[PDB]
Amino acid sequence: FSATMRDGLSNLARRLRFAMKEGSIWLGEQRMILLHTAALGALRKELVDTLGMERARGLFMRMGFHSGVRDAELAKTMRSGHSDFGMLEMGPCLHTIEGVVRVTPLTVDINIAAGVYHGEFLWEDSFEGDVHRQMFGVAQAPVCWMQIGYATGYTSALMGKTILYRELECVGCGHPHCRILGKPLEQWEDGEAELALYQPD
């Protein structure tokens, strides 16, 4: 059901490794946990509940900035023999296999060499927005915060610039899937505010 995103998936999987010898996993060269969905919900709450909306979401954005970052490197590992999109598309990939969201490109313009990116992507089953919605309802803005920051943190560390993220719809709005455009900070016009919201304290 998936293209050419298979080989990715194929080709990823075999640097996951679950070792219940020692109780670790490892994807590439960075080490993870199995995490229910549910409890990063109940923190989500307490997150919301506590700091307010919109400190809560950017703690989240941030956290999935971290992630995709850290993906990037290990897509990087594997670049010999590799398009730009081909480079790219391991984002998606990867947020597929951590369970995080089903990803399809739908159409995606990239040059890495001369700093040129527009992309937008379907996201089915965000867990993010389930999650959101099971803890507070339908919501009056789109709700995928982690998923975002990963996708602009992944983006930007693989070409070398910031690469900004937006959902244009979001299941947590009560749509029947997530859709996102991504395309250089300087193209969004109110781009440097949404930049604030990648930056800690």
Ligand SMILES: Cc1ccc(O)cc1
Contents of the next structure:
Number of protein chains: 2
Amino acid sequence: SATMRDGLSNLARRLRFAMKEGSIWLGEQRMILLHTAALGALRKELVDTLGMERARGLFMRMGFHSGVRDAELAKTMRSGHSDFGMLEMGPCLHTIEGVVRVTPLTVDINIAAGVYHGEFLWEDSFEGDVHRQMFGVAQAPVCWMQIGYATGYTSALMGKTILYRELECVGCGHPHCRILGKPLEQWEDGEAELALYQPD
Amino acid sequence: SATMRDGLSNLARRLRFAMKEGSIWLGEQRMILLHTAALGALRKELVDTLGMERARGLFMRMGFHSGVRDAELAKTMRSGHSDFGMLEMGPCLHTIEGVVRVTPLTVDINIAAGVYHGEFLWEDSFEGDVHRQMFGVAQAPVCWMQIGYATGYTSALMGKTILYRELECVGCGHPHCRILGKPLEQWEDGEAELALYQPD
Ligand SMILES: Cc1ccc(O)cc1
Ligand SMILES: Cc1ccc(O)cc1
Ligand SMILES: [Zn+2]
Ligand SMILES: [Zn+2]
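Now that you have shown the form deposited without P-cresol, what about the form solved in complex with P-cresol?
Whole complex next, starting from this chain.
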């Protein structure tokens, strides 16, 4: 809509169901369909036994790994795309994966120059949704794995550390989630946010 | 595949992809497509920090929740379907979800009478594959989520606890995985396996 529409159709054709081998492929990566309620039960177990902040890191890093892999897929489809066209593939794959409906708001990107400032709308976040099913409204944003995805995708695409934060979140009782991504240097508590992406 | 193509077709009508709202639904359960490499990363951190047995518990229970939800879906499609044809939806759903290719070996089931004896072949288990990439070959079977699913699905379908175990597995170097399920009592170590399906 309109680049989103082409993006979605372009990338949705890389998604493949190999039922003969019990497998689902997205580009070169094997995928599974997982119940959000099952992932939600795991999350509750982690939060109850390891604590909110350790569980938050576990999921952010899982999201990070997903993002890096989708960026590797986006790179194989470089041919004939602007830097924005390649960036947009992240929102599209996240949407195709059923994780969240992503709408890019303002995107400033130039990979060779190391330029990146990105704001995105998130609707129907599976994560904020299922977190609020189990813990009720939280006070801090809670789409941990989703934020990890954006951070991994964009960092892999730019070749430098790009961190994201939710400025608004359904898990906090907002109409929607809203995110901002920019280089580590432009974040007040940057090195504390980067620390979350390393194994504890 | 004879009764399996039927189930696979019949149950594919229940899988809805809507990039319109960034969601995916299987029956009345919301799903996400998740990279097995991302699930692998999570598993590595859980095993390394919590220990292999406590991590095994978390994955078995996540699988259990998935299997229970899918048995709920199979129940809504019992219109003219024998006990076996309903049992079979489990292996079908597992395959559609890209977890593993399942082939029923021999299945004895009567839901009314509380009798169940079932043996299955597992080809291309995602879980065994990703485990050997994160840890190398393991000494004991490793398809934890996949076993939880079988246990949860069958138990919910029978209305009695049906436990499974892997008699062989790719995670141990074998060409494929192979499993056996029967009622709790009929396992000499049944009650201890049951302990694994309960959170702290
Ligand atoms: C770059 C990006 C990727 C995913 C996402 O949800 C938002 C933005
Ligand atoms: C009943 C069942 C369900 C799933 C599976 O993988 C095997 C057997
Ligand atoms: Zn959110
Ligand atoms: Zn196995």
